[PDB]
Amino acid sequence: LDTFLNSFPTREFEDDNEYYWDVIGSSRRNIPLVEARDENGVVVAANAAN
Amino acid sequence: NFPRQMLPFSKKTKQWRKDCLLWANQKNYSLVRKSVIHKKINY
Numbered sequence: 052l053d054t055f056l057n058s059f060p061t062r063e064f065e066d067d068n069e070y071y072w073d074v075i076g077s078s079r080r081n082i083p084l085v086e087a088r089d090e091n092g093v094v095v096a097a098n099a100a101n
Numbered sequence: 006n007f008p009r010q011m012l013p014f015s016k017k018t019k020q021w022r023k024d025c026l027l028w029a030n031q032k036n037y038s039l040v041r042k043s044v045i046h047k048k049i050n051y
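Respectively, the protein sequence lines represent chains CC and FH.
First residue of the first sequence? That's 52 in PDB author numbering, and the numbers climb one at a time after it.
Mind the numbering: the second sequence is residues 6 to 32, 36 to 51 in PDB author numbering, read in order.
Honestly, I wouldn't trust all of these hints.
Computed beta-carbon distance windows for the label pairs [claimed, not checked]:
1) 78/CC / 8/FH: 38 to 46 Å
2) 14/FH / 67/CC: 13 to 21 Å
3) 30/FH / 78/CC: 23 to 31 Å
4) 38/FH / 59/CC: 17 to 25 Å
5) 85/CC / 21/FH: 21 to 29 Å
Calculated from the structure, these hints are not laboratory results.
Cβ coordinates follow ideal geometry from the N, Cα and C atoms, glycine included.
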């Protein structure tokens, strides 16, 4: 157990408070659809035309 | 970690030297210097 915990390096810290690190996601995404309407305003259902 | 420096010269191989450099760019405290943010506010 001493050899396993000696295989990791050591970072000093300035204070005795909590410490963070920022994790990042990407800027590219896709957006789900909610509804869809035609020109006159009625919602496009599943059994509708083109 | 930073590897063993007490080796013969033949065991100071290419991968031994590369693990000293790889330790350095994993990422400071000095007993006679200020912190880096203390100096940069002075500049």
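So, going through the hints one by one against the coordinates:
In this structure the hint that residue 78/CC and residue 8/FH lie 38 to 46 Å apart at CB holds, the actual value being about 39 Å. Between residue 14/FH and residue 67/CC the beta carbon distance is about 44 Å. The supplied range of 13 to 21 Å is therefore violated. For residue 30/FH and residue 78/CC, the hinted distance range of 23 to 31 Å is satisfied, since their beta carbons lie about 26 Å from each other. For the pair residue 38/FH and residue 59/CC, the beta carbons lie near 24 Å from each other, so the given range of 17 to 25 Å is met.
The hint said 21 to 29 Å for the Cβ distance between residue 85/CC and residue 21/FH, and at roughly 59 Å that hint is violated.
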